[PDB]
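Trainee: Listed below, chain by chain, are the residues.
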Amino acid sequence: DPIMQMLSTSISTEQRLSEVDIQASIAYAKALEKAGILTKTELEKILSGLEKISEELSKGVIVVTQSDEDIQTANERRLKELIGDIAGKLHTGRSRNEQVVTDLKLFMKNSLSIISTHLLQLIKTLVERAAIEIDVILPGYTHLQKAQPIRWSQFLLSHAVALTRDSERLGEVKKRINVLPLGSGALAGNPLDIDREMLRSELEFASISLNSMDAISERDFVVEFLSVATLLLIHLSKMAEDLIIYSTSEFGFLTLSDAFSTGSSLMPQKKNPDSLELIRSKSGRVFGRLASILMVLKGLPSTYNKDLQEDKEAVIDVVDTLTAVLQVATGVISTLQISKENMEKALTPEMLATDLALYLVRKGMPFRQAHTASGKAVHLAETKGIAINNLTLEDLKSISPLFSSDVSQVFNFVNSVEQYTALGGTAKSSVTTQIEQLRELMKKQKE
Amino acid sequence: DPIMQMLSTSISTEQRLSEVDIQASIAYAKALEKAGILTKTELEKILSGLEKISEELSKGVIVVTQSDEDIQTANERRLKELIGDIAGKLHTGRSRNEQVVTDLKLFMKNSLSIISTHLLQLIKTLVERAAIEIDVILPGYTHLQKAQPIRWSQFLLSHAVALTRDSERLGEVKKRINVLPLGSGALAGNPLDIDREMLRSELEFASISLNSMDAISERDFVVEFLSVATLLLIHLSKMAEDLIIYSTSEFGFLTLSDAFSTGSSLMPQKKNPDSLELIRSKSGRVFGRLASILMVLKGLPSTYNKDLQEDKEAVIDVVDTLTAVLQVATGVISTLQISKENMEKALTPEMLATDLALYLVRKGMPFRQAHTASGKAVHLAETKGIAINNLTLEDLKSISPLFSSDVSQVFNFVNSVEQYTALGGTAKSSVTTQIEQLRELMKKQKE
Amino acid sequence: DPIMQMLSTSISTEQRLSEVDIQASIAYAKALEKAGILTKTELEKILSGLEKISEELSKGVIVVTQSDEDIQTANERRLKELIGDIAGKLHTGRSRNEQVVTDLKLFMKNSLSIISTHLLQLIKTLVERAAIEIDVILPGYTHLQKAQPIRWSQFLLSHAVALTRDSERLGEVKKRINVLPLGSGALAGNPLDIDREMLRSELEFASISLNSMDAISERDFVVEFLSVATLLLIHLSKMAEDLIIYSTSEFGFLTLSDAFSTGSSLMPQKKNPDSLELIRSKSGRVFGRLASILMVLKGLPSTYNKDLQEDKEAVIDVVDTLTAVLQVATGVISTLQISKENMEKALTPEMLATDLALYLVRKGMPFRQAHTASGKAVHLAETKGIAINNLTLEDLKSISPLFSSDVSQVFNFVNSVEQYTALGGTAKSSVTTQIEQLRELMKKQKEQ
Amino acid sequence: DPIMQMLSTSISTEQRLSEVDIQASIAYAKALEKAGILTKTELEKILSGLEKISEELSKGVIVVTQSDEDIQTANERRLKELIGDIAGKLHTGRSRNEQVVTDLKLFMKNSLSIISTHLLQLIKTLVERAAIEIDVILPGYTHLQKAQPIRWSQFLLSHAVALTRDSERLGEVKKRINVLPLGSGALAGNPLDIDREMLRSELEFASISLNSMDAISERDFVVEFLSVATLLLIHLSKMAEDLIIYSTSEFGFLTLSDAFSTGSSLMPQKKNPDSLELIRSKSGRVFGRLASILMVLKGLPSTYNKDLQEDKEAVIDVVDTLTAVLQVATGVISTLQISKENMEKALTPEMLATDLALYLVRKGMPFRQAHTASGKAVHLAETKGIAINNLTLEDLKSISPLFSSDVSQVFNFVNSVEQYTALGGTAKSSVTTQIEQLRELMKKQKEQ
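Going line by line, the protein sequences match chains A, A', B and B'. A prime marks a further copy of an entry chain.
The numbering of the first sequence is the entry's author numbering, which starts it at 18 and goes up by one.
The numbering of the second sequence is the entry's author numbering, which starts it at 18 and goes up by one.
The numbering of the third sequence is the entry's author numbering, which starts it at 18 and goes up by one.
The numbering of the fourth sequence is the entry's author numbering, which starts it at 18 and goes up by one.
So here's chain A without its partners, still in its complex pose:
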């Protein structure tokens, strides 16, 4: 019934695992010869047959068909077509339950290396641009209200730091994914005394699963991957929100390149930050995959259950999504143009009310009291229709006699950001230190 089969994994999804499945079968065939189930004469026929399939796949031949239950079944059918009955010995002691997780892990191993590379390039793009644009200052925000002046590079580095934690989380997930489950059989293990150390070595896993029942029932590797990817997308969704708002004509801080923007087929004046919006939307898309698999696993009994097959489509979609989003984000950041003129112009006096308060603190006034006075000063300006940096010393002294002609030094945005030299701050020396820390972090991640 084409219907019930419509509910199982699709053709394109199964095809994506075709090569790793063949790689897994080659390792298994070799261990079977060592275990005495295959003679060297038979092993050779099987390897040659499997290489035959590997060759066809590289030629774009699609092996799996709607007739085949899955790639495992498709490759076994194809082998039998190429070499006859000997192909059936390869099935000895092997379960789809271990092949499915082995193939998925091999695929993830390969996919994460590629994702990792693109993520580091994204981080690097942010870091290198922060180095170059280090002298630029614009408003920093809390509640989307102007808070205090900060360096544009501090802003870029904020996102690089968050992405760097994501890179670290990816690495940790990779270690647990890098554990080989082949040899777990259907749930009880392998009964031929197969050499799992041999399979681990040939398939390049770091170690082998400890318990056969767990190895076949769990999808922790999937959840964990989806979770890390979701938090990564959350970071990108916040950075996209930032750039989309900064791209408004109202803010005017920057403009994306033509490559990462599109116009409107109706409104001739439009230039839209499509790339950013797309990236933001993927957070929901990836989160849905995490929610999906968590629910699929919840309350299922041991050990293997057919429900588990929902992992394949979720993993592949997220891999592809991530791989694309990352390059697009890299493209967006490296090619956007900032307006230093508008960023500078956005720097307004009120943002220095905190500095104005600290000024009084330096002269002995408790911050609580100084906070009040500074607000009173902002109020006084707001009342006479002027900026606080315009109030005369006299208007200031009427708030507090502690104000002196030196107060003028407060109304300077460079002086403002430069007071934040303590590690992590927006001062130039702190931004420089960050750039160095991230370069070393990225070096370590790459190692």
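If you are wondering where the hints come from, they were derived from the structure by calculation, not from laboratory data.
Even for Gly, the Cβ is constructed at its ideal location relative to N, Cα and C.
A hint or two may mislead.
[Claimed, not checked] Some residues of chain B' that are not near chain A, with every Cβ distance over 12 Å (derived): (1) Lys47; (2) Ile100; (3) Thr450.
[Unchecked claim] Straight-line distance between alpha carbons at most 30 Å, and here's what the computed DSSO-like set of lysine-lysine pairs gives: (4) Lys362/A / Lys401/B'; (5) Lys401/B / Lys362/A'; (6) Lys288/B' / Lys393/A; (7) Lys357/A' / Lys393/B; (8) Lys461/B / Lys192/B'; (9) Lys463/A' / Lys192/A'; (10) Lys288/B / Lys362/B; (11) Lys380/A / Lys357/A; (12) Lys191/A' / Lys191/A; (13) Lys357/B / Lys288/A'; (14) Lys62/A / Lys47/A; (15) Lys362/A' / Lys414/A'; (16) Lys445/B / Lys192/B'; (17) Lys357/B' / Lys288/B'; (18) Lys192/B / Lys288/B'; (19) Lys393/A / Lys401/B'; (20) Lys401/B / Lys288/A'; (21) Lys445/A / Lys192/A'; (22) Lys69/B' / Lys126/B'; (23) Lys69/B' / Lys51/B'; (24) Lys62/A' / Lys141/A'.
[Stated by the list, open to error] Coverage of chain A stretches by chain B, computed from C-beta distances (three or more under 8 Å per stretch; other residues unrestricted): (25) 21 to 28; (26) 110 to 116; (27) 283 to 294.
Use these hints to put chains A', B and B' onto chain A, whose structure you have.
Mentor: Chains A', B and B' alone, transformed into the frame defined by chain A:
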């Protein structure tokens, strides 16, 4: 308006952070003296005042009130009540934006140590019981259908292995949580050249945040904790499903102790596995917290936003949930009674059809062909109204002449499980190895 | 910027909306000529080409390519290849923002109609089977422990009742999806005084959208469908759990047919309930889609934002999933075979302990004490090897002097079940009434 | 096993259901006497005590303690302390499985009624304000880029329209919650021929549950409420996003009142839109609750399972959250002040580029080419320092000979807006019509 204030964090939630907030303020006051904002005379008054509050909290005095915005505000108000205006200097350069994440991290640091301890006791309980009940064999399942015989200890260890990965994930989350954000100010950093190394040391964090904007905008530590906790609960929900099914009169494999079960106020014969059901239900509860915070963070602009305050209730609920569930799970596993008689009795012949097939494989028949023959044998039994272990050699030979009197050795459940000696399998030697690996793993985790 | 396009929807997803897009464009064309933007002659040409594209689509021809942003641009580009510059007039006053919601809504109208047909068929299957096997009695469970005897038919009907509510919810969502958004333009509306009542009538919508900004910025209709589908699958995940457990050899109440079961390429004795498992798993799958659109929508500012383009794939996936799951469930319920023998055998005496306490309540003893007495009767039985069923009158007398020889009448399962005549109970008459109410309820839901 | 009880619901949550539990017990008592389980005299006593417990509850007295499993057991235990063993008769044929769904439903009936009142008040606030400021025009956005001019009132109404659908959905959910489950017993129903029509009538439900197994095993009514609430909060998260951005100094369109704003204890110049942010954040909070119950329900077998007890805290949290969020939003919309000046100033010429292309379409030029011409006009303007608004006729002539001096008429924002008269558009007459439709729609929703 009591209404808009109803939407902010509650009293009991703010109170849970009262002591770490005081601990954070003490560290800050000291750095402020070093930074020249406080004289030794003032620092002493402030520390004494804060100790005063620490004393009151230990006496069960609730400091925060609906009048107070949050614990930070409540403690600052209380300090002012105890020592006067000098209390206001403590606010110098400090933002609620850094205090909120600092206090939450301190709380999580403390909560994870306690959760970790209980999780290891749960793992240990599973491992120690597996050692003792190592000779017990029962049916292993896939699709909730009898698959192959496995050791009850293999089953217990399956869950211990999964919990052990959770323990490892907890450790990784703990390292990123153990990074101190105090000194990030509102978003630009601290402007007094505060000694962050000094704060890190006194508050016991492993390091300090790299970027002030990120330190105040991110809640990765929260998401990550909620995510790891969710996967942990998923594991427990599957183990609960297992035990609930095994607790049915139909399976009859085991019975929970009176302590972890309840009766019915209407049906006098009932004995319900309440504990298990409760644990299973917490997976949804904890998942909801993860979904909650992910959505709260999605698309928010830099840096701090009031939305972020939803993290506190979610973290606390999950901590408390986890802390309780773990002890209950430990209680359930250590006190339940298995029926070795019913487990043994559940071992039926059909489960050895795979072994029956392998038997033919050993005699030269390809598994594919042997699989068919074994099924034919099961079919032959099913047709004459008997068990395959009852078929006479003659009925067997009619399926395949390769069957010999030695086939009798196939119908033995101990022989069945003992063939799975390859690492990870259900054989006794493999189960023993697992017990040792987990004891070393638990030793490492505890270190 | 190819990869940027890798973030777009797939060619297959857009192809899925090809026919409704042509249909929507055909209506706008006629409304355009009426608005005087198109001569009666320019219309005939445009309309002529649209029918052509339609013929290509029906022949499997795929017009959308990797170069086309979406299906809308594909059709415009294709129509231009067919009639030249004149095809460009179709664009007057039209925006993709209104076309995507128009197209997706048309698609959901056609898909929901098909889903309803199958849903109602599933309910009927449960109802009819319930009528036939109405005499079968088996254990009822709470906490998966034997509670009180119920009729297999009560069981089948509880699921039919839940699914009937799903069907009711599906129709309510149908009404809101059936509002035309065409004419909202990019956000401000249409500046040609286009006749929306005409568009509505031709595209067969029940009414038109009240506000243009809302119409192209909202995806409530998507969220609702996904919510209703999710809850529907939750019901199915529960029914699947039930049948999967009842399918175990341990329970032995029923066995699925070979058509909805599958074997194991390793273990020759296996006969697995794949159909049920696949159904249960789609609950997570559909929930995942609901979760993504909710997140996509959250915190987005007005009006249209590119983020919204994620609705299509989620809606299509859930449509095909639900359509297939419903038919599979129908086949499962229809062809499964129950074991009246095992179901009857499962009826154990302790399940009548409540009735036993009630027996004492009728004799005057307070429920609390009666409950306690029944409790002791079952404990006295077990510790004695036998079941409360075989306990001698003396043994019962030992627990309470109220126990007379007429207590024997409590140990009858039909009687137990026949005790529940109050509406909704498991007594035969009540089950029969349910069957009639659901027959009527399905009748009422079809007539709309 | 204390900690086991730490997994139970909280004392506060159970206390929240105290009054409805007493109310439900009062109905069952009368139905019991009628069923002959209680003498007319035993009833008067039982009923007498129940009213007493009710008086304690109204005096803030907390009856549920840490020792009590839930509120139901608390009330029974309390009633027993008041009248002795006789209170035990109330238990006949009753199960906690039916009491929890009965109690929670009663609670939701009372809570939903209050939520509706506030929701409709929020919509009216948006509607009335829309009527008053109907002449205000400002930028309309897509991708957060200036699109086409719209009326501030069109904007306010788009949100009112979305919220009106939420209100419609809330009432549909109300109907399904309004079905009485009392009388389903533990799962099999009631064995005393209890009068359900009597219970229904007294507890004020619209009808009774059709199947006892379904009634105590389902939580659809919970899932629905949470779904509707979630979508409702999504609308609010979007409106909040809008107003938060419009509140920036960069946009300067409006400013919230001091009552819905808050300062910074560090930065003395801050004035933050806390109310809006708090509202946006509750979208995640409520969604989280929907997600948990869906997961709680998923794959659970029939009928009752202890897992279901998680519904209470989720339902209560969402009720209080929604009730407060709605009033806060009403105050926000009501007291915010807009800057007609800044909104008018924001109107920039390029936003009329569509109208400019349309101007050429009226003169015969094909939309595609007209679009291109308009595009060049705006690029020609920018690269020239001025806006398409100031371009000389010659400059326009340079782009297309079709540009005459009457093109000047395109550069008027009222005209731009007044172009959208087709239903749902931003023209004044259309906005006025919307105001009337919503007034009627709110009227129709109250009358039920």
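Trainee: Take the C-alpha atoms of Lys62/A' and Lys141/A', compute the straight-line distance between them, and say whether it is at most 30 Å.
Mentor: 49 Å, violated
Trainee: Taking only the CA atoms, is the gap from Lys401/B to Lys362/A' under or equal to 30 Å?
Mentor: 22 Å, holds
Trainee: How does the segment 110 to 116 of chain A fare against chain B when you require at least three residues with a CB closer than 8 Å, holds or violated?
Mentor: holds (count 4)
Trainee: Does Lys192/B' sit within 30 Å of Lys445/B, going by the straight-line distance between their CA atoms?
Mentor: Status holds; Cα separation ~28 Å.
Trainee: Mind taking a look at whether chain B covers the segment 283 to 294 of chain A? Criterion is 3 or more residues with CB to CB distance under 8 Å.
Mentor: As far as the segment 283 to 294 of chain A goes, the hint holds, because 6 residues have Cβ atoms under 8 Å from chain B.
Trainee: Checking the smallest CB distance to chain A, is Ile100/B' really beyond 12 Å?
Mentor: 43 Å, holds
Trainee: Is the Cα-Cα distance between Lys357/A' and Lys393/B 30 Å or less?
Mentor: 27 Å, holds
Trainee: Can you confirm whether the C-alpha distance between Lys192/B and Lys288/B' stays at or below 30 Å?
Mentor: Violated - the C-alpha atoms of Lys288/B' and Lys192/B are around 44 Å apart, more than 30 Å.
Trainee: Report holds or violated for chain B covering the segment 21 to 28 of chain A, Cβ cut-off 8 Å, minimum 3 residues.
Mentor: holds (count 4)
Trainee: Do the alpha carbons of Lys69/B' and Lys51/B' lie within 30 Å of each other, as the hint requires?
Mentor: Between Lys69/B' and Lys51/B' the Cα gap is close to 22 Å, so the pair holds against 30 Å.
Trainee: Is the Cα-Cα distance between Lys362/A and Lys401/B' 30 Å or less?
Mentor: Holds, at about 22 Å.
Trainee: Take a quick look at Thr450/B' and tell me if its Cβ sits farther than 12 Å from every Cβ on chain A, holds or violated.
Mentor: Holds, because the least Cβ-Cβ distance between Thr450/B' and chain A comes to about 24 Å, which exceeds 12 Å.
Consistency note: the structure conflicts with the earlier hints numbered 11, 18, 19, 24.
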